[PDB]
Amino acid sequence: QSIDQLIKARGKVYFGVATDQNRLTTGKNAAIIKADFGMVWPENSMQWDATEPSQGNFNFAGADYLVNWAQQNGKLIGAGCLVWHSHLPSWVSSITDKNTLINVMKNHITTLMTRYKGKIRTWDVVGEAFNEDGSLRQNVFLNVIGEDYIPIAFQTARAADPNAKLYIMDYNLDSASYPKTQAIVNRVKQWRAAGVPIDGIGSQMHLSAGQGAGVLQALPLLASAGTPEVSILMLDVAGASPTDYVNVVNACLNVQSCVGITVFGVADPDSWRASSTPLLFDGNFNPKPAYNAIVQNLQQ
């Protein structure tokens, strides 16, 4: 059975997966995505270092391929991340003038979002903006522009494509007792009260064995920020225990504003941490017990 069909039958929007051109032309990835998943994301083809490697020199061939494939095959598209320190080319980090950096950030956002206007359901606008202690991460945008870079990014994104859901994304939001989880909730509440158009919080979830249970309490906490949506992004789980995966799916089901889940690839050998075998399909493209456990859970 298709986990995307089953999660839609329980009132959610999608079960999705990250992919890109050379996955779709190799292995069994295209066949599995067509049958079992409802939304694709670019693994890497939309990141800043892939799309604007030097100023004004936009590289769209890879992202175009993915968007086309998804439209032909009737899949939803999510994309990101527009502003994220980790995938930033050096030409951006070396800018020290505030007005320049604001315009460079705006141009990057507007150019990417305009190109795909109306085709992208969800955009990750700002990523990994918090330190582990809950303070704001001192990336180039915070250092040069200040804390208004976040309002500016979201305002710019809303103007570029008013149809898209705009998300802030972070990782290590997997425990309700962790300071970072509480901090992002408090800051998003205050940004939204001031009119910043943040539609969603996306939890980048790279879990160790046994950490699924904690998400049952972390996800409701993220939802308490009052955004229209929350989601689970680029999920994988070391060891791929059915218990961990089922717990994450049940957290999604329990939180009414959680629209769906995106796993971080199809088959284990194509994972960034392949030795931990953390995905739902094995190296022979066979479903693993965690896939069947999700199916069972969604049927009941």
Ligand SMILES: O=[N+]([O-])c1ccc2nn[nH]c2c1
Second form
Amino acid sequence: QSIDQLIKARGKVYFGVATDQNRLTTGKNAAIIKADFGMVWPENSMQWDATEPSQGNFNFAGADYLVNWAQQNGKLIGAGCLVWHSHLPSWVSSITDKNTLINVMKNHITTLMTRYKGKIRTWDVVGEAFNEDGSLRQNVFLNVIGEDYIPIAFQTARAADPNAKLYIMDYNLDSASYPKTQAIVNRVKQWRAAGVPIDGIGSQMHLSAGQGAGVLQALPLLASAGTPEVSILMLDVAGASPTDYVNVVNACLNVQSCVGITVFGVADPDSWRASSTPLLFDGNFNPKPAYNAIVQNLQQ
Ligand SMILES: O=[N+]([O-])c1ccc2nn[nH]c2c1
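Beyond the form solved without 6-nitrobenzotriazole (6NT), can we have the form deposited with 6-nitrobenzotriazole (6NT) bound?
After this comes the whole thing, all chains and molecules, with the earlier chain placed first.
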């Protein structure tokens, strides 16, 4: 039973998964994505270090493959991250002139979004912009440009492809009483009041066992920023307990602006934390108990 079909029947847009070329040609990933998921995201192939490893010299072979495959198989596409300290090649971090870095950032955003204009439902524009205490993270963009880099990034993205939904994403937004969760709400409200085109907040959700219950309170709090959409991104759950996964799905169903959920890969052995067996399919590509629990929850 397809969890994407079932979540669409409950009024949501998609159940998605991260993947890339060499996943689609190995294992049983392509068969499972075709049958059970409605949206694909490039795991790595759209990140800055993969797409612009030297200034102005773009690498699109891997991203092109994924976009083509998705179109051929009737899947939605999400993409990112346009601006994210974690995947930044060294040539960018060494820039010290404000105008140069603004131009570099704009060129990166505009080139990627133009190439796929009209084909991408959701773009993650800015990622991991916050410290755990809710202050802004001191990456090269904040240090050189200042806090205006976030408004500039979103304004540039909206002009490059007005059809795309534009998101800011971060992790550790999973507790309603954690400072980072209220801080991104505070800032996003302020930015949208200033006309910044932030369409969504994406929660990069890497949970430990038992943390699913708190998302029932955290996700409505993220929705109080007033963005048109919120999403769950890069989802995995240590231990893959049905209770944790069902709580995450119900948080999505409870929040009217939450459009869908993307899990961070298909099968456990291909996870960044495989020893925590945190995904919905096991190392033989069999659905795990959490997968069947989601199915039953969505049919209930
Ligand atoms: O939802 N995702 O799995 C996912 C993976 C990589 C990304 N880069 N930017 N946004 C992303 C979302």
